[PDB]
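A.B. asks: Below are the chains, spelled out letter by letter.
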Amino acid sequence: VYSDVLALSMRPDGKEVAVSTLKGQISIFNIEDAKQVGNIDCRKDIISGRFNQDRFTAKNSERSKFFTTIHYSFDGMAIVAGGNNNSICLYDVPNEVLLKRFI
Amino acid sequence: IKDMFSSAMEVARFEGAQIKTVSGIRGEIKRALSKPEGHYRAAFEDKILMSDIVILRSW
Amino acid sequence: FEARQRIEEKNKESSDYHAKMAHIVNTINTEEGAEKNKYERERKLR
Amino acid sequence: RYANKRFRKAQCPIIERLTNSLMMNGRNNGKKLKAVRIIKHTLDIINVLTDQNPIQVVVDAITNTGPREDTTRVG
Amino acid sequence: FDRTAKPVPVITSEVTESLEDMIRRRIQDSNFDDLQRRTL
Amino acid sequence: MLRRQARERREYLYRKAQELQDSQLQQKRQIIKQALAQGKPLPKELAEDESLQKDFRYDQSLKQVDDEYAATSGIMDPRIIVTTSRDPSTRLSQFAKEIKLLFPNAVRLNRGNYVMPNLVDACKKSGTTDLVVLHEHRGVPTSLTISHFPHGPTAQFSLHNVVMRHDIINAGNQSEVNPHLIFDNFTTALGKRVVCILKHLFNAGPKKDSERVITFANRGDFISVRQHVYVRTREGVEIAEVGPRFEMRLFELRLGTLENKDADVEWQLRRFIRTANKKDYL
Amino acid sequence: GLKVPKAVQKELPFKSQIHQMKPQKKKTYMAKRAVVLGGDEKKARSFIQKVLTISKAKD
Amino acid sequence: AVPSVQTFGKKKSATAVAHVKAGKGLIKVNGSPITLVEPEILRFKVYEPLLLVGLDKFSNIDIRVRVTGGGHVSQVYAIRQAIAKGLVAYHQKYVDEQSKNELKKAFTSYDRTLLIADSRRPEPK
RNA sequence: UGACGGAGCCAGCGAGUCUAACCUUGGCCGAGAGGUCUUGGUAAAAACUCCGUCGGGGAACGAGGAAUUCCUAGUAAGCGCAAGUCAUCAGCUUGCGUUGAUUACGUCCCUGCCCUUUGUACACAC
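Chains as they are written, first to last, in the UniProt record's numbering: chain V, 514 to 616; chain C, 948 to 1006; chain F, 761 to 806; chain D, 76 to 150; chain S, 347 to 386; chain B, 1 to 63, 72 to 290; chain R, 1066 to 1124; chain H, 3 to 127.
Mixed in with the good hints there might be a few duds.
Anything over 12 Å on all C-beta distances counts as not near chain B; from chain H, calculated [stated by the list, open to error]:
hint	residue
1	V7
2	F10
3	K23
4	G27
5	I36
6	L38
7	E42
8	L53
9	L57
10	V97
11	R114
Below 27 Å or equal to it, Euclidean Cα-Cα: the simulated DSS-like pairs (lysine-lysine) are [said to hold, decoys possible]:
hint	chain 1	residue 1	chain 2	residue 2
12	H	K127	H	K106
13	D	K84	H	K102
14	D	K109	H	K106
15	H	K127	B	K108
16	C	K982	C	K994
17	H	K127	V	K613
Derived coverage of chain C by chain S (criterion: at least 3 residues anywhere in the stretch with Cβ under 8 Å from a Cβ of chain S; other residues may be distant) [stated by the list, open to error]:
hint	segment
18	952-966
19	1000-1006
Rather than coming from a laboratory, the hints here were simulated on the basis of the structure. Note that CB positions come from ideal geometry on N, CA and C, so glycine has one too.
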C-alpha cells in the first residue's frame, strides 16, 4: 500500500480486507488473488478541527486527516469509519461513496 | 614469479616455502603452474611491485 | 613431511635456548648480587 | 505473480501460459522475446489459413485436448 | 631452508583411533557440552 | 526498522566502550571490598579518594556466556539458513544438503541471483538467527563462513579434509535427532569465543538419552569435527562414525555481519608474521 | 590525492559532502572580454611570481 | 511559473525519471518520440497508459521521460510505470480530483503494477 | 533447437606514482659495462531485436544406457563483463548484472525420522 496501513477491518465474507491508511484512504483488497478491487478516498471529507493552542490552519493541519478505525456492516455493503478527528463517516462500498458524515 | 625456477618438479619441491622480496616484505610460495612450465604463485604481504626482485635464501 | 619435521625441531631448539639463557642470567643475578649486597652492607657498616 | 498461491497460475491469462510453456525447452530457457515472436507469427498463420479467429481456435484446441480420466499405478 | 606454515595434518589409523578413544572415554564418563534450558 | 537496528547497534557499541573504560573501577572496588572484609590499610590513591570512597554504597550493592547471544541464549531456537556460494556445482550442492541435514533447525537455500545485502535483509526481516555460506573449489569444499544476523559475529573458517557421505557409501540415512555435543581443548579466550559461536549455532538441552553426538576437537590449531552414533553396552561403549569428517581452521572473526567487509575485526590469522609457526592459535 | 566511489559520494550526508567543481568548457563572455596588460606589467607579474616562490622556499 | 510535476519508476535496477508539464501535447522518451522505443514486441507495453486512458488527457500536456539502468524488458516496464504515475500525479496536483480518482481506478482495474512496483523481497523457509 | 554480412540498443560491481611478455637478423656508438636502431617468429558486454543471404567430419563420434544424485520463484537453465582481499583459488575462485519458465504449495498410503501415549492449565465446552 502507498502509506502505512494503520487500521484494518475484514469482511464477513472473509474474502476482502478493508484497510485504512495515513494518506486518508480506505482500500478494499480481494484475498484470493491479492489485488486492490475497490478504493475510497476520504481525506477530503473529514471535518477536522483546530485546537485552541495551535499555530496553523485546520485546513493545512495534518494531524487529523486519516481514518484510524474501520468496520464493515454485515451485508458486506457499508463501512463505518472514524478517526482522531471530529467526525464519523459511513461509506457505501459498491459505489464507493459517502452516505453521511456525522459530527 | 617467473624465473626462480624452470620446472614444475622443482617448484613442487620448494613450494609452501618462505620468501622475502628485496623490498623487505615477506610471503610464501604456494603452488606451481601449468601452461608456463616453471612459474609459480606466491601470496605476499602487500601489493608487490613489478619493479622488485624476489629472493629465496638457501644453504 | 619435511615441513612438519623441520618446524617441530626448530620450535624445540629455540625454546630450549631461551630456557638455558634465563637459567644462566638468573643464576648470575641471584648468586653475585646477593654477595654484592652482602659486601655493601659491609661497607656501609664501617 | 502467478506462482505463489495455489491457483494464481489459473488466474493468469491463457496466451501467457502457452507462450511460457513454449519457451520451456533445452536451449530456449530464457528467451521470452523469442517465444512471443514465435506465437505471434503462429497466430498470424492461424488467421490466414483458418479464417475465423486465432484466440477462439486456441481455446477450442485446449478444451478439446484436455484429458478427462487418467489412471495411477496401484500400490 | 625454512618455511612459513605447518602443513595440514593427514588423517591415519593413529589419529582416528586416538580421537575415537578420547570420545569413547568421554562417553563412559558422560562429560558433555551442551546448551541447557534457562528455565523460569 | 533499519532505523531501529542502527540505533540498537549504536547503543551497544557505546555500552561496550564504557565497560572497557570502567573495568579499572571494577578492579578498584574489588580492592576496597577486599580490604573492608579483611581489614588492611588502603593504598595512597584509594585512600585519598573521596568521590568513590563516598559513593561506595550503591556500588557495594553492585556485583558465564558471551555477550551478543546472552539476550536469547536459551529461549528461542536458533534457526539457520545454509546457503550455497553461487552457481553451485553438484558436489557442492550435495555438501550443502548434507550440512543442512547435520544441523537441526536448519533450512537450505540455493543461491542464484541473491546478493548478500538482499539476503542479509530478508534474513534480518524474517528472523533467521544464523547464516552459513559455503565456498568450493572444483566440487571440493574449502570455505565455510558462519554469520549471526542480529548484528553479530562472522567466523570465516577454512575446511580441508572433507569426506562426503554419499561419496562414502549407500549408508542409508542419518538420525537427525537433536544431537549431543563434545568440545575438546578449546583453552584461550579465542577458543572460548569459537566454542560459544558453534554451541549457540546448535540447539539446546538434548534429551538425556539421545543417540548421536557431534564432536569438535582441537588438534594443533586445526579443529576436527565428527558425527557418531553410540549404543551403550554393559562392558563398554562402541560407536559408529557418521556424517562428514573434515578438518577446519578459523581464519577470521568479523564483529559485523558477513557482508560488511569493513567491520571491526577481533581476530585474524596472521601468517606472514615472523614468529607465525611457533605459537598456537595464530 | 584520494578519490571517492560513486555510491559514497552520492550518499554522503549533507554537511560532509565533497565539492568537485568541473572545468568550464564553453568559453564565457567575461573570460573572453577581460584584458591582460603587457610589457612592463608582463615582466612585473613574472617578477612577483619569482619573489613569492623564493620567499616561500626560504620560509 | 510552469505547472510541473515529476515522478519515478523502478524495475529490477532500472530508473525512469518522468517530468510532466503543461504544454503542447507530446510524449518523448529521452529525446526521441515514444513510437521509436526499440524492442517492438513491447512498444505497446509502453503505450498501455496512453491507450487505456485515451488521448486528450495527454493532448493537454507534455511528458518527457529519461531512462537508465536495467536492460530491455526492465526499462520498458519502468517507462510504463513512470508514465502512469506521472499522469495521475499531475491530474491530482493541477486538475480535478475526480479525474484523479477515476484514473487510479481504471489503472487498478487493469493491472496494479503500473502504480506500485513490487519490491519482490526474498523469502525464508 | 542453425550459419554468415551489415544494422539496431540497455547493465552493475570494482580506480595503491601502481597493470604487466620472451626468443631473432644485423647497423651505429661505446675502453668497457653497455646504449640506441634495426630486426624475424612464438606467449594473452553478451544473448536479444528489425533487414540480407545459403539451404556429417580427418580412427572416431549424430544430445550420451542401467543405476544413483540435486531442485519449489527472481528459484531451473541460459549469457558476458570484473575483481584475486593474511586461510583456499589460476587446470581456476568469488562477486555484479541482464533474460526468466514448467509443475506440487498437497498428503502420512510406501520410505524413513520424531513424538507422545497421565489434561493438571483455571473456566465453558469433548
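A.B. asks: Next, verify each hint and record whether it holds.
C.D. replies: Hints versus structure:
Distance check on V7(H): its Cβ is at least 29 Å (rounded) from any Cβ of chain B, clearing the 12 Å threshold; non-interface status holds. Consistency note on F10(H): stated as away from chain B, and its beta-carbon is indeed over 12 Å from all of that chain's, at 20 Å minimum. Every CB of chain B lies more than 12 Å from the CB of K23(H), the least distance being 36 Å, so the non-interface label holds. Annotated as non-interface, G27(H) keeps its C-beta farther than 12 Å from every C-beta of chain B; the closest such distance is 42 Å.
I36(H), annotated as away from the interface, keeps every beta carbon of chain B farther than 12 Å; the closest lies near 31 Å. Interface exclusion of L38(H) from chain B stands, the closest Cβ pair being 31 Å apart, more than 12 Å. Residue placement check: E42(H) keeps its beta carbon more than 12 Å from all beta carbons of chain B (closest about 27 Å). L53(H), annotated as away from the interface, keeps every beta carbon of chain B farther than 12 Å; the closest lies near 33 Å.
Listed as outside the interface, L57(H) is consistent with that label: its C-beta sits roughly 40 Å from the nearest C-beta of chain B, beyond the 12 Å cut-off. Here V97(H) stays apart from chain B, with its beta-carbon at least about 37 Å from theirs, past the 12 Å limit. In this structure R114(H) is separated from chain B by more than 12 Å, as the shortest Cβ-Cβ distance comes to about 23 Å. Between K127(H) and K106(H), the direct Cα distance comes to roughly 36 Å. Violation of the 27 Å bound is thereby established for this hinted pair.
Restraint check for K84(D) and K102(H): not satisfied, since their Cα atoms lie roughly 32 Å apart, outside the 27 Å limit. Between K109(D) and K106(H), the direct Cα distance comes to roughly 33 Å. Violation of the 27 Å bound is thereby established for this hinted pair. For the suggested pair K127(H) and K108(B), the alpha carbons sit about 13 Å apart, so the restraint of at most 27 Å is met. Between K982(C) and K994(C) the CA atoms are separated by roughly 24 Å; this keeps the pair inside 27 Å, and the hint holds.
Using a Cα cut-off of 27 Å, the hinted pair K127(H) and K613(V) is violated, with the two alpha carbons roughly 47 Å apart. As drawn, the segment 952-966 of chain C meets chain S at 4 residues by the rule of a beta-carbon pair under 8 Å; at three or more, the given contact holds. Restraint check on the segment 1000-1006 of chain C versus chain S: 4 residues with Cβ-Cβ distances below 8 Å, three needed, restraint holds.
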